[PDB]
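*Asks:* One letter stands for each residue in the lines below.
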Amino acid sequence: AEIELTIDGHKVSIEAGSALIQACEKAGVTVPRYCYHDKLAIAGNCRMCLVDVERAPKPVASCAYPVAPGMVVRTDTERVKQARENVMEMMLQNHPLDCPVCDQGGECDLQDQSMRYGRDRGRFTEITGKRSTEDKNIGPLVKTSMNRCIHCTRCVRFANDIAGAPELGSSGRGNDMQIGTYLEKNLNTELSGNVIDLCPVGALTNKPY
Amino acid sequence: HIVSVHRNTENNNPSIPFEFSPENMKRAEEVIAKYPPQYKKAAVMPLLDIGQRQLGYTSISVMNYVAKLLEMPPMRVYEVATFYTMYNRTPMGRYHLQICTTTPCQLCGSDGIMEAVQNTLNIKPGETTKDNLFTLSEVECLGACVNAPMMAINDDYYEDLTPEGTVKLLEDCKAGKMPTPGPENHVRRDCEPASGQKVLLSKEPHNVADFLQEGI
Amino acid sequence: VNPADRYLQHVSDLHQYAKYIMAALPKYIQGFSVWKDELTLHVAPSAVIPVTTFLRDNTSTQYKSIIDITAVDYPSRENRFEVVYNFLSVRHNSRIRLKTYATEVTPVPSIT
Amino acid sequence: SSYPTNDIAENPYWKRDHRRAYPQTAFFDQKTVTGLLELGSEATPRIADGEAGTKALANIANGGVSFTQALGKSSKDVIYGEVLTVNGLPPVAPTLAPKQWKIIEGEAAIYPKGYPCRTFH
Amino acid sequence: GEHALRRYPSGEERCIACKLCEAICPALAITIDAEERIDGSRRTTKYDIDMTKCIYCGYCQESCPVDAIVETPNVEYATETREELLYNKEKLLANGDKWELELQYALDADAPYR
Amino acid sequence: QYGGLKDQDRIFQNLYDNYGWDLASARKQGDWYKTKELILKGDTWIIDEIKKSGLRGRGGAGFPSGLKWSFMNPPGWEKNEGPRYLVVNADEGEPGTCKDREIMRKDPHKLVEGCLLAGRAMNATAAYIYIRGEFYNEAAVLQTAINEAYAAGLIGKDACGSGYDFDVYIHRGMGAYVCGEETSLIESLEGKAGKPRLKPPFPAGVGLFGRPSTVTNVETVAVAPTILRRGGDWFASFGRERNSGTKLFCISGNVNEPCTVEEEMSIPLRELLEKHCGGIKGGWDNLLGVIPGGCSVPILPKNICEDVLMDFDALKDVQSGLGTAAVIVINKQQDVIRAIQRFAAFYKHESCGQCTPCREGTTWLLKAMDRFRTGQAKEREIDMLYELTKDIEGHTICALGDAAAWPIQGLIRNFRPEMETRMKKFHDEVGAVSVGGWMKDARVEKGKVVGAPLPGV
Amino acid sequence: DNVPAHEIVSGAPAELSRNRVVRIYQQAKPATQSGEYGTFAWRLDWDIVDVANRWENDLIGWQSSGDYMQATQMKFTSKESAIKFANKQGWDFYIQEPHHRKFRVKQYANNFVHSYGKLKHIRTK
Amino acid sequence: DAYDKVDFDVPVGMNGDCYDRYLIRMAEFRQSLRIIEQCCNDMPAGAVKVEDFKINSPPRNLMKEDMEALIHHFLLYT
Ligand SMILES: NC(=O)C1=CN([C@@H]2O[C@H](COP(=O)(O)OP(=O)(O)OC[C@H]3O[C@@H](n4cnc5c(N)ncnc54)[C@H](O)[C@@H]3O)[C@@H](O)[C@H]2O)C=CC1
Ligand SMILES: Cc1cc2nc3c(=O)[nH]c(=O)nc-3n(C[C@H](O)[C@H](O)[C@H](O)COP(=O)(O)O)c2cc1C
Ligand code: SF4
Ligand code: SF4
Ligand code: SF4
Ligand code: SF4
Ligand code: SF4
Ligand code: FES
Ligand code: FES
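Protein chains in written order, with the numbering used here: chain A, 1 to 209; chain B, 1001 to 1216; chain C, 2001 to 2112; chain D, 3001 to 3121; chain E, 4001 to 4114; chain F, 5001 to 5457; chain G, 6001 to 6125; chain H, 7001 to 7078.
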């Protein structure tokens, strides 16, 4: 049945077992995110949605922390803001300076949430430079610029679970982890066009457009 | 780094057929038996190991054969194979020199061992010999730090090394003969202080049965 | 430094002043708002002549200079337009803002 | 650039993010001024604890007391301290920076004595 | 003064159709269209400035992230009919080619202050 | 005084391999003497002996082991049908840690009996021992011993005749240090890439194959049969309160004789070193610092490490931890910054790359450490680096990020003057450096950066 | 109910209230972004006219228009307010009721549920 | 602004006719010259625009090297 908890002072009632981010959304509190999506499995790899709950010592992933009776949640603590800035700082470290040429520009979540929660400037000026990633050909519909991938696995989650096209996945480990097919294979499904909308950054893009 | 893209060449190509030898087959049955019947995809790692034993390296044909055998989509097998570093996706040769260069190793001369190997074999750590006969590799901790200077060939550890001794080990390997199975030019039996045993100097071990909790 | 911090004591003073004004004309003043150094009085359209006279003419206020008059179109409200009056008191070096409301057919009393 | 704003190691942007620490606009209607008159203020309370305080807040927020009755019940201490000044005089229109004028005369003036234009400092 | 579209030393255009100049222009003077060039580059296929709407504010020049649109110091281009004042891509590139040296003077002088 | 453990009190005599690992030799040691009656006794008795013992996970977590196995048995455990499971973390990979290798190679049967005993405590149907892959020969050793145990009938469908079913298998991981994490371990066993899951759900509620499972270090399971036989109070007698028992202490680095021994907990450093490893190479004056526990733990300075104690508590008090008790000593001849940079390279190579903080932060830490190793940096970049560590610490999915952040913080806390001297060496010696290692004529030309050293090309 | 023509005191052309249809709606959650900040206001904009919407000038290639409302769009705080405004102006309107995401409970642990039968699909993470 | 850091006088007429206003303007010339000189003598160093790139655009040398600055520039001008 429906349980009760408080989020930023408010009182919000939600079905038991739901994720904390569903409660926040229901209560009118905005939480940043990238990897979470309403139609996809929960992933919790972007770490953007951190919040503080009094029981936990460290901030918790809001998309994957189940709600419990009497839970007290603060989304506006100094620690939370510092956490969002830290996460964004790390996210943009290897992101290419491609906005004037990225099709996502003007409707990019990385832009909007960097502007809303990130720092005004950057600290990364390394003479070794950034990481770069090969581009991958996955058919005539979805153009790929994989330098921009932030590894949210929305594309993988959708292609596997929703459309049943398991050719998409993540290869390698650590920094060199690449989304792709590991060999030249088209993303062949009649629903492929949707990874264009799911990819929060311009990594996957409409090719005829 | 980690290469995470496969590019088809005439060798290491999907059309190349790879099948398990009958002994390797029976072994594969035996290894799949260990996991629950519905969860038999858990056996991909041992099966890929078997493939890399039968054939020199983990080729795309091996990955696809394993994927067919466990009725998994080959992309999952690709993710597994590329995630684990002990999977060798390029061909190598008969002996695979693996220097440990984590801090305990360097604190006792793994740079000297590394130089000795590189002088004997001009090749860089990633490269292999033009004879294919040796392949070098810089590796993280191999789990024997008590013998800080140490190395592995294919499966055997060789520890407490010396540059003047690493060269000699190398030429013994080059001739074809294996000098010693023991880790070192014998100075210790593999874990005790060089000054000999300081404890456990008893001719026979004490039975635990002499000490009883009375709880039974 | 946060630039709003310099206004704190003055915001308190404006609050006290607005409290006095409401207490003085409870028949007219529907409410006030205070933002840094700008005080606003909200009045109904019928209250404009009395409140403007009190502002212009009371010894403690003396808002002798009309600065501007304008309207702001809020299409969500039942009364679209809100009419704004800004006054200036050269005697006291202070400003005040007075709001009313109107519609496309109900007029406001002129303060000419 | 200016220190500490250009520092690479100790400035989190949210500590110097002045746009989003902006002062809210404080709206006071007659009910709120009532509540201030009866129940006092956070700085100097005139309210009882427990359910009594909450119910007093409630019935003022419902309309139990009007503003005029509020003023009538209001004692001498509260009127003088919290509506007028402690001396009973009304408060003067506040000024942010009071300016004290001085008139410059003689040689330091802009124009000599005859002209109808004076120098205020 | 008048507008001109710049090239890279290699002679490839600098404008990559990012359309920030189009978005910032306070007079809505600029009209741009784009698509994948045959060699795969992101380039413009139409770039017009209506010189009779422009207010010569120089925002378009502050905006462009590759210094492609610039404003020359040229003021002597008065025309006898209005249709000559509707610059298309070809005209603006020709202006860039013609004024590149003076543009380099102004850039060398002011770039540290932008 | 703590230390100087009696040879009779030593847990396993076979550390030194003189007696042998044969099943008959283990019988001589007394293993499997009383398994029938131990199994017969109720699981509550096993877990309660553990609670009396105060056993805490010596993999490094330290979460109380008795309570941990308690969570495996919820009140309505009977309702949740399906196989309960147990898992053993044989995947030691912590740089400096060789204890578990000694445990599996020297005393294999103790692990299998402890697996059965703990599984009885947790009502597990089967066990999986997850061995790292470079560990081949002792994987064979363990498999031989497990075969002996099957053939004797002590492990199997009829365990010692008690009617309690147990199967024990060997799973080999293949070169991924993140798989040591319990949840990455469970995933790798399941047949995926070893990317940890998020907790909650904890392994007990949802674990291996979706079934309730528990992941435990090998030596904490290994000590369990001897603990049960000899009693909890005897085990508590050794080591101070809440830090009780005797642990393996692999010792490596710049000591005169590197060693592997077992010893009472809460022994002093100085005594441990000089008694077991012939002392620091060059004597106690020649000591720069010591890393108590493996690479994941902040390094100790010379002055404070003289009086420090080897329990969890004292090391946590001096702002470090026991970890896997893999002490690494560094003498004054060696460079500390080179060692810490190598640890950072290790963590960069070891991140699974799932969560953005770890994935993008380990590489930043490596890039900064190279420049500090050459000195190609400004002195404020030290404080910048500290904040970079704090970007990672609390925000990752698993504790690999914590481990990545910690060694650098220890380095900054203790050896910042060394970094400052090396930066002066870069400035006077080579040139003036801006933030991130750029220099006056450092530019980009025809695809590369020319004009500057570029550390870590 | 609806103000007829010729007692509107706005002075707008009669054609606006005679043969034009406005539409009132809430903006849909964009599929490209997860943010929802634009979706709460009630927009009001005019349905296009066939002949006068947009043509191409035969000189510089621009988008000519004869519809003077093609760019106008009002914002309202609520559906009833928009209805009242359109009625007070005499505009024929249509309401497009918004669509929202149906709530469902999402558990991270659901990714690891034990399967008693054959696996329907290999989740991968 | 910096009207509190600089010294100047304010001319005030008395008859309120065209001639007084002319005198006032003519003396405001002088006061403006005084203020200009003071600012010429006291111009300090530092930034000229507020140093938060969420309000004012970043310098072009950052915009072409730094990711955050490029994002903020893009958004500010779009
Ligand atoms: N053994 C090795 O080679 C290495 C081990 N480590 C050690 O790992 C430690 C951190 O590991 P973590 O997994 O992050 O530790 P942790 O503090 O999260 O504890 C891990 C265990 O806690 C148990 N647990 C805690 N609360 C529970 C609850 N409410 N219900 C059920 N189970 C619960 C879990 O079952 C889990 O296995 C460090 O202290 C480090 O020293 C790290 C590096 C190497
Ligand atoms: C990166 C990483 C590696 C780990 N490696 C091991 C390991 O090799 N062996 C181990 O027993 N625990 C390891 N752990 C910790 C275990 O996952 C788990 O938390 C616990 O310590 C093992 O159970 P136990 O110590 O209570 O017996 C590791 C944790 C992390 C984050
Ligand atoms: S994906 Fe977004 S942040 Fe990255 S370049 Fe494109 S618009 Fe900019
Ligand atoms: S391509 Fe897009 S959706 Fe896929 S992992 Fe990268 S950022 Fe996420
Ligand atoms: S100068 Fe101003 S009006 Fe002209 S094109 Fe540039 S931004 Fe637009
Ligand atoms: S801003 Fe510059 S680069 Fe972008 S479209 Fe305009 S001229 Fe081209
Ligand atoms: S912290 Fe590092 S190792 Fe752990 S899940 Fe995240 S990326 Fe992988
Ligand atoms: S949205 Fe929750 S961690 Fe990614
Ligand atoms: S440091 Fe080389 S094996 Fe451990």
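Accuracy of the hints is not assured; some may be wrong.
As the list claims (entries may be wrong) - Partial list, computed: chain B residues near chain A (C-beta under 10 Å):
#: 1; residue: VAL1005
#: 2; residue: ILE1060
#: 3; residue: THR1082
#: 4; residue: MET1086
Please keep in mind that the hints were generated in silico from the structure rather than gathered at the bench. Quick reminder that beta carbons are idealized off the backbone N, C-alpha and C, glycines included.
*Asks:* None of the hints should be skipped; say for each whether it holds.
*Replies:* Against the structure, the hints:
no. : hint    : result
1   : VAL1005 : holds (6 Å)
2   : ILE1060 : holds (7 Å)
3   : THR1082 : holds (4 Å)
4   : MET1086 : violated (12 Å)
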